[PDB]
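Below, in structure tokens: the form deposited without the named molecule, a single chain.
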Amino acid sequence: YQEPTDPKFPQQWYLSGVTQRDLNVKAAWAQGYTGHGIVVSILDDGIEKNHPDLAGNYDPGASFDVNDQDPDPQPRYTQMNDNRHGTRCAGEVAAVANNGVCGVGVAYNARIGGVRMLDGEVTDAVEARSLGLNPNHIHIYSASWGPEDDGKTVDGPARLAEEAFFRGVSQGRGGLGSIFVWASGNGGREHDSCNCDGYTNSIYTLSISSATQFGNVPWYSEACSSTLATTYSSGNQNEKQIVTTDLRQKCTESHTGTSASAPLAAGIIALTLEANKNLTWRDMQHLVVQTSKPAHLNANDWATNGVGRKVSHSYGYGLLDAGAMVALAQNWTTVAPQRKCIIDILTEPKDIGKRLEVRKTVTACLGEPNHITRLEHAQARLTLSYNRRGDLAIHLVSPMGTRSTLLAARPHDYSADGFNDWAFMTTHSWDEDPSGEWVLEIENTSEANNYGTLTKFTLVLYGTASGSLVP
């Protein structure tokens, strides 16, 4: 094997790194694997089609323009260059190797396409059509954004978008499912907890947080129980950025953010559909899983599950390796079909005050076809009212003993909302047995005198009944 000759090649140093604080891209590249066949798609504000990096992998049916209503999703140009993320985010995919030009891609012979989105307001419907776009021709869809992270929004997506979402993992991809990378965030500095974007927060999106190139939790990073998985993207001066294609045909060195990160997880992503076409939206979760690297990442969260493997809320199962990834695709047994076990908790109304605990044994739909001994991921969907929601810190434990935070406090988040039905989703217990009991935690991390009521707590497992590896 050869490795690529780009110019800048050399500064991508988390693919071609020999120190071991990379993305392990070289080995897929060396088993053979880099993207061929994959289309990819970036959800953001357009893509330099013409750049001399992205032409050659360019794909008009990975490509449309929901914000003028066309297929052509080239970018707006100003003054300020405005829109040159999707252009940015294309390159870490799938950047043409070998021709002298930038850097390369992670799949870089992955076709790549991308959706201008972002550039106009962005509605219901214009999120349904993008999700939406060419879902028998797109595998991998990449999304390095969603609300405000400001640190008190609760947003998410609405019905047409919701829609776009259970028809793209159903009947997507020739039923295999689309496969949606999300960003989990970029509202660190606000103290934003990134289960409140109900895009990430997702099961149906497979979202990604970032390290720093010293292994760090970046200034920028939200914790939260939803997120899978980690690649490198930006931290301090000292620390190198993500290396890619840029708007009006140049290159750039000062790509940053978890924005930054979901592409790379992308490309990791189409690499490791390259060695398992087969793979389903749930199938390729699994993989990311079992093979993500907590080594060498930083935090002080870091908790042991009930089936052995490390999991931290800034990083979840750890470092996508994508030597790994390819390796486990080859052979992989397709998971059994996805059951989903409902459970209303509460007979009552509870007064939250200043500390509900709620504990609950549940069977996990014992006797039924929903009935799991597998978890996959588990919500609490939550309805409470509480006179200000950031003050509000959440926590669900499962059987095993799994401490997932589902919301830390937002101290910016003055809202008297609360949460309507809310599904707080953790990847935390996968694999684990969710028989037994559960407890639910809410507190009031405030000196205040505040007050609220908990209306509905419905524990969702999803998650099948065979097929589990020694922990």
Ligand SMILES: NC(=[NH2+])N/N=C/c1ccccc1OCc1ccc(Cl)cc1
Given for the second form:
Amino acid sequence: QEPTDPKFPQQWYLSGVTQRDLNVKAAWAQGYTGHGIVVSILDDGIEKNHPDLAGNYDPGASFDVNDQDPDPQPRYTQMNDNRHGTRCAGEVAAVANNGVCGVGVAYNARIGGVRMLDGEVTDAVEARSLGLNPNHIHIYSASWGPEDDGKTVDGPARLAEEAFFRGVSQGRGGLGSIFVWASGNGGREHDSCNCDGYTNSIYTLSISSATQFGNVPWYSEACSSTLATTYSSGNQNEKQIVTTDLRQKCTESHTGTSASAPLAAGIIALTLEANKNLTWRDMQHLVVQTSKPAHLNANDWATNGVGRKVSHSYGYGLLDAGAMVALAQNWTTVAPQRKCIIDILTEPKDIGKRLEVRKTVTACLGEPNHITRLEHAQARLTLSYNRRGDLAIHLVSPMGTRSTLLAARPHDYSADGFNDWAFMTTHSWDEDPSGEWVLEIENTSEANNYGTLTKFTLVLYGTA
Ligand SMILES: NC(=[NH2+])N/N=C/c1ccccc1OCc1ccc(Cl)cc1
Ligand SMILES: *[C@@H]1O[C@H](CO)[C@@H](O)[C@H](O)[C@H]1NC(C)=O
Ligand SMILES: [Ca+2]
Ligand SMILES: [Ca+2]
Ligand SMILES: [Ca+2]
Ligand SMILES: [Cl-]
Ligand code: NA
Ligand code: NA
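Output block for the form deposited with the named molecule bound, input the form deposited without the named molecule:
Now the complete complex, all chains and molecules, led by this one.
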């Protein structure tokens, strides 16, 4: 039976009947609601006594890292600053059929929150949050990252990177923590989200946004590391996200890519109920295979080497919950992850106005890390340049798939270049990476800019 909650009709991205939705009712009708799954929101806290959250609240999925106590209750202020985690929690697991607000995507999942943004957010704070109770929490949702000013290059420092590797390796009984991540809100600053090391990570399942009418929202950042898309806000004729709000209220104006990641986390919760044995990599495969480009407008939809349409705004397209839970049920676990390291340069290369580096690779032929079926690929680049934001960088796979690694960033005046920065693309997923790869570095300005590429490491992940 369809939810009876008073605002469920306003949750157009779930309740729609016009095919502009996330196809969640189809998963609910297959019997999947999130029962037995545990999700945690890493944000500014969670109103655990909210009438639409209390029934699913899980103290075992929660902690207060900012004040160092178990209780993630938000700090109440006159401007309601610390409401975001409560909004995101309801998107995932707001209680259903209780006469309050609407429902969560996974309305029978258990939901917690980590209060970790309301304070000085250090590497240690991030690590302690990403690493919370990793054999109880299945899925983490994080909407935060480095400043979206269009001039920052930053990512997880050592403790947080260690937390990512521990989570995916030993978390969830060795199946791997699922870290769902928002790709950013820096669109009007012309931000380019591979410059955000959290969303650019292979260990995060990164999500962008589409407006109700199927367009790229003003706030969206394009990048090759994004995997897929959920609906969120757009212009003032387009509806927004409807969910739980601070002070036991219900909001119809939750917005941004930061509202897209929680919806993805709920869909992933339904999928994990359908197959509890999925690994962190399995889950990314399911997203790649089932997501839907149709009716998302972008001028960069390109067909990759295995016939999938991919966009830097949308990844593989809109998440499809019904298809995710269906494919999950008989999914065969992927083979162990291989990693093929190819150091490319024999000498430093002057960049000048334009540099092209071509290299034919065997992808570790004859070795235990031989890869014929790519998952993520990275170009780890070390270079100097006098104005970083004038650079644009592309990587072309042997199958001809052109991934933008970096778009021009007008505000990025930095003279510090890139220091072994691991630009990541999802767009060659399932391609055979043997053959010629091409790296393109271009000065997009008319200025006489200058610099040097001193290291190019092609890193291939995948299977055979
Ligand atoms: N790189 C990131 N992950 N940026 N995360 C940003 C973020 C995260 C949470 C809340 C707010 C945020 O940004 C402000 C904002 C909200 C909505 C809109 Cl529509 C625009 C901006
Ligand atoms: C989970 O997958 C692994 C790897 O394929 C397999 O060995 C194991 O039996 C599976 N467990 C369950 C409960 O299906
Ligand atoms: Ca507290
Ligand atoms: Ca409700
Ligand atoms: Ca950004
Ligand atoms: Cl690695
Ligand atoms: Na990611
Ligand atoms: Na192509």
